[PDB]
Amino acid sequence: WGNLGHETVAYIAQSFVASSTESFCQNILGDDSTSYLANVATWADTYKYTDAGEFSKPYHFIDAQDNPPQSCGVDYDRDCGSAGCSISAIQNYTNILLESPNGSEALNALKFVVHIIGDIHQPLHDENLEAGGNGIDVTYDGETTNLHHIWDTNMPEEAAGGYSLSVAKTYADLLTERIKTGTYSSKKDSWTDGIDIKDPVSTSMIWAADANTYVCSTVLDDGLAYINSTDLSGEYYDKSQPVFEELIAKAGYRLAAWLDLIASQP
């Protein structure tokens, strides 16, 4: 996701964590604001463009070697790769926070976890096709961009009505209410099924697999002919909105559950 997506995921999670989890995080981050997670939720996207953080670029995705829209699926060993991936990063950074939450590596670990749980839920961060769709040029609202970009940024920013922290907060609030009492409030009871703080690979793969099914059902189900030739800010946006909204909600909720586990220090 772009910044708005990551901040919305972070604010959602802030709404569901226990108060000891909040303190646990605020202490690591040195931030006692009511935006403590949101404020660090984009950091990994900065860090990967620095010389020192270049090595972390692959941690944003798992390039699923599947065949969408006909066939979707993710496999850790097949798809992660030689330089690591979202899944291996969640394992490594989760275990740092389980082993040394007060150590020097915990600050970046937590920043990573907040960001990457977000990324795992962007379906094109779980998809190899044309560099996760970065190679698929498309027209969005009369302007040229790419398919990955409109999922990261154009479409969420349109649905949220902007891109500022306060817009992310308002968006998070809307989605959090969907989880509590609205359209997600039944389904959400099963969004943490299979979660296991002692198996970060398996837990994060479930989330990645889940998000990846939407490559076939939604991202690409019209076919590349349509996608390459149609302005995607029309009916494509309308079809995609419920899906990216639910995924951002799942990301927030799952992030909170995972942070509550880490803070509980098993």
Given for the second form:
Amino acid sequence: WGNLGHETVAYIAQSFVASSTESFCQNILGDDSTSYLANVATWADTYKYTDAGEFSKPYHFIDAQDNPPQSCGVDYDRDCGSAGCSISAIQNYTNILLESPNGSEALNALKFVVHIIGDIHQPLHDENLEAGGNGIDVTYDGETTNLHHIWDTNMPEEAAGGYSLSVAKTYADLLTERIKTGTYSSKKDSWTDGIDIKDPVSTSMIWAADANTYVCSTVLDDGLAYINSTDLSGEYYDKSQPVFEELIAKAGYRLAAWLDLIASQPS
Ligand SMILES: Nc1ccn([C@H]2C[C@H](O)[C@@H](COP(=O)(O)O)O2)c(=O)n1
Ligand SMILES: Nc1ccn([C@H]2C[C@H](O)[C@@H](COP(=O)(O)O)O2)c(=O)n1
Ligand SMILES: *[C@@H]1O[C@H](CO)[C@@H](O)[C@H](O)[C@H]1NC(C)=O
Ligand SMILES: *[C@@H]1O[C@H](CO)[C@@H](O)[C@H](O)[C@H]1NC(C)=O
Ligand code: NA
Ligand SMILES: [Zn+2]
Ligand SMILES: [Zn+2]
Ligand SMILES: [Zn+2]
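The structure above corresponds to the form solved without 2'-deoxycytidine-5'-monophosphate; please provide the structure of the form deposited with 2'-deoxycytidine-5'-monophosphate bound.
Then the entire complex follows, led off by the chain already shown.
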């Protein structure tokens, strides 16, 4: 996601973690503000574009070698690659937090988990084609951009009604109520089914495979003839909106559940 989407995921997670989880995270981050997770949600995207952080660029995605829109699927060995991927990073950084929660590595590990659980839920972060859709140029409300970027940024910002922090917080709030009592409330139990703190690869693969299904059902279903040539602020946005809203909600809820498990490590 872009900045607003990561902030939204983080605020959702803040609303669903247990209090002891909040304390566990605030202690690592050195921040007990109202925005303790949101303040670090976008960090990994800023860090990766430096000499120090470049090793972590692969950790934002898993380049599924499927054939969308006619065939979607993710396979960890096939798709992760030797430089690593979102799934391998969730394993590594989760295990750092389970083994070494107050060592020097914990702070970055936590910021990576907050960010990457968000990224796994953006379907094009679970797809190889054209570098996760970065190579597919499109027009969005008259602007030339690419398909990856509209899923990260243009469409979530349109749906939220802006780009600023207050806009992200309002959007998170909306999605938290959909989880608690509204349109996602009957599904949220399923969203945490299968979560296993002793198996971060399997756990995060549930989420990656889930998000990847939407590559075929929503991202690329229209075909590139249409996608390359039509302004995607029209019907493409209209049908995409409920999909990315539910995926952002899932990301925040799953992030909260995962943080609860890390903070509850037997100790
Ligand atoms: N050439 C680029 C492309 C993207 N980004 C940043 C801004 C985007 O919002 C973010 C996207 O990261 P991710 O795809 O991991 O969500 O990375 C950047 O600084 N430079
Ligand atoms: N195979 C890839 C390559 C990139 N990205 C994401 C991470 C980058 O932040 C963003 C923009 O890519 P780039 O850095 O190539 O401009 O897209 C992705 O999800 N899948
Ligand atoms: C795990 O994270 C540490 C700290 O960033 C890094 O040194 C190491 O290479 C990572 N390992 C894997 C397999 O991602
Ligand atoms: C769509 O654009 C891509 C480049 O992003 C190109 O390879 C492909 O041939 C185009 N397809 C159609 C049907 O226009
Ligand atoms: Na249910
Ligand atoms: Zn992102
Ligand atoms: Zn992205
Ligand atoms: Zn990222």
